[PDB]
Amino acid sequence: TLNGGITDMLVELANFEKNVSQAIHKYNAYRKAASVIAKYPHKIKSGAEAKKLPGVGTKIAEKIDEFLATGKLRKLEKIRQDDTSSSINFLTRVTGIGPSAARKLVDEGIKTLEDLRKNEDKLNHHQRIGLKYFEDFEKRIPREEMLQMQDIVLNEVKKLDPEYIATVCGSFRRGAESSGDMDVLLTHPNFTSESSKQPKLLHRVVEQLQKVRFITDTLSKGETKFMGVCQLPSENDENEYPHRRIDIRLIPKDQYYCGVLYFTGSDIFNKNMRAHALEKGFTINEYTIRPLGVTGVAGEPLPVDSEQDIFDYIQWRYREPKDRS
């Protein structure tokens, strides 16, 4: 990295403006600038040089100026010392606990994991499971464990019904050496635009994975989406593998491509691509890609027979899953 310290600084300032202050704009800004700066070809030597960059104005230039001057930033240093801040920020690491919740738990004297482990009566189910697996939900999933996971999901999926098409998208499809959470797309001939929404098509799969005791817990659970916890079998006389996070989405059969596009790419990549959609008078959704009208309102979706087709609609160059970050 060339300006690592300034990007690192601005991002730390970003989390703080979200998790602690909940000033979305002051978080988006430190975010926008951090990227505009990671791109910048030369080493930044001053605040004004950097202010010429779009996405960085006077309050960010000032902090850059102080960071170059002194090898640090006071505001960052104080923030790191403030107990209520490091507390609030840390509770966010628990899945289920976001900005507001972390704040109340801190406001009420709950700050640590153990404190939380002594006050489960305040957490909801999701926050509780998160608290239950705070250490395991941290560890990254190697590329091989994801394969073994995919093996169990894929196998059992057909065992129930052969007409099921499962695709472990997310970071895995992109070719990552490790993964945060196993994202699996699912589709079936009974689910279509013309259908009337089948809640059993996903439930059937979950109960089957639960029966085999792969999916242990259940965070979210609905018709299309399922957020939960899964786990690989403990081969006799070996330490059981960590409990991972697993999302399962049920995309209509005739809208599959919108599904894999969305579920694969990248959060940021989707942000950029979907933004470019409106740029071309289109609206990319994970079910359909319908063009924005001659004034705003989007009409009927444009048929798609490949991710490729989607990239073509927005006059954009196709990005093979691996270059979506």
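Rigid core here is just the name for the largest C-alpha set that superposes within 1.5 Å across the two forms. Residues that one form lacks are left out of the comparison. Numbering follows the first chain given and starts at 1. Compared with the form deposited in another entry:
- After superposing the rigid core, the C-alpha of residue 125 moves by less than 2 Å between these two forms.
- With the core held fixed, residue 162 shows a CA shift below 2 Å between these two forms.
- After superposition on the rigid core, the Cα of residue 200 moves by less than 2 Å between these two forms.
- The rigid-core fit between these two forms yields the following 3+ residue runs with every Cα displaced by 2 Å or more: 1-18, 21-81, 261-263, 266-325.
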The other form holds:
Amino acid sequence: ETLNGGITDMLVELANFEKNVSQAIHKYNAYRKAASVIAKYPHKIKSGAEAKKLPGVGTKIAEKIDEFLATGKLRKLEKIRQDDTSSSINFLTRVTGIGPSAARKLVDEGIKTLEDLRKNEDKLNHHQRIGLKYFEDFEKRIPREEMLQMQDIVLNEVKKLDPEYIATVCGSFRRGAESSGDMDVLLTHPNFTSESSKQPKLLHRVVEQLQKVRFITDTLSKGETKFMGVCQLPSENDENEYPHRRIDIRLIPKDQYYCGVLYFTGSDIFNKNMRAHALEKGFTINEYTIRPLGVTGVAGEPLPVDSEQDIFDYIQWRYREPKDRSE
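What I would like now is the form deposited in another entry, since the data block earlier showed the form deposited in one PDB entry; can you produce it?
Partners and other molecules have been left off, which leaves just the chain.
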């Protein structure tokens, strides 16, 4: 499926429009849910009325489906795609920190392009100015090779700080991807657990260190548990400077760390299959904890975890290398 892709693409495009251009949250979700229930449907849809049988597909989407099936297009959508305001809003919204709200306010004031934004930084917050500054860099893919260099700096700086620190770079990179959008590091320390006294300094000290060595270059945000900023590989002497990259560093309690590393290594299909097989065996898995599931169905109290291996063991699956976590 496959089957009804044209209709689902149609609705995903209507959703985006309602979220990013109207600011009608309920219509956005209405379209998301409709696109989802349709993508699950086993038959090639032939009428709006057939789709209307599906929960979440109502009168109005049935009408649109009818037009789409008849002509292969949707007038509403062709108008949206020709609309400059909509195009501009979607463009601005590609700057990190700029979402639909700021986007409206900016296009309303005639600010629509990168050049335009760079002439109106007084209109932007810190996050958004960082996003404009590295707009091009942040849109480049990161090759595995640089990801690997980056991974070493943080893993090394972290070790030399405190050998008890555990730091892991996750996402598709961890599954062996050839390129990456950004770097998502999960961090923990054995004297930081869920039953303990909350220690921001654990994160802050490694952020500060990565700033000392001039690896972290800008901060988008930094709280007690979550850091989001910008990094840059060092360039030798003069010559060509590396592009600035997005990096997040998240501090997780030690007793929830590996569910974290698992959840955030993906893939989504692999997670879905994993947390669904876990149901079959009688356990619920989220990003934090794996818990058993009683006869009633509702149950809790987390099981002790100290590796990804453990989680696999609980649900009676052989361990799967991150390389093999496609599905």
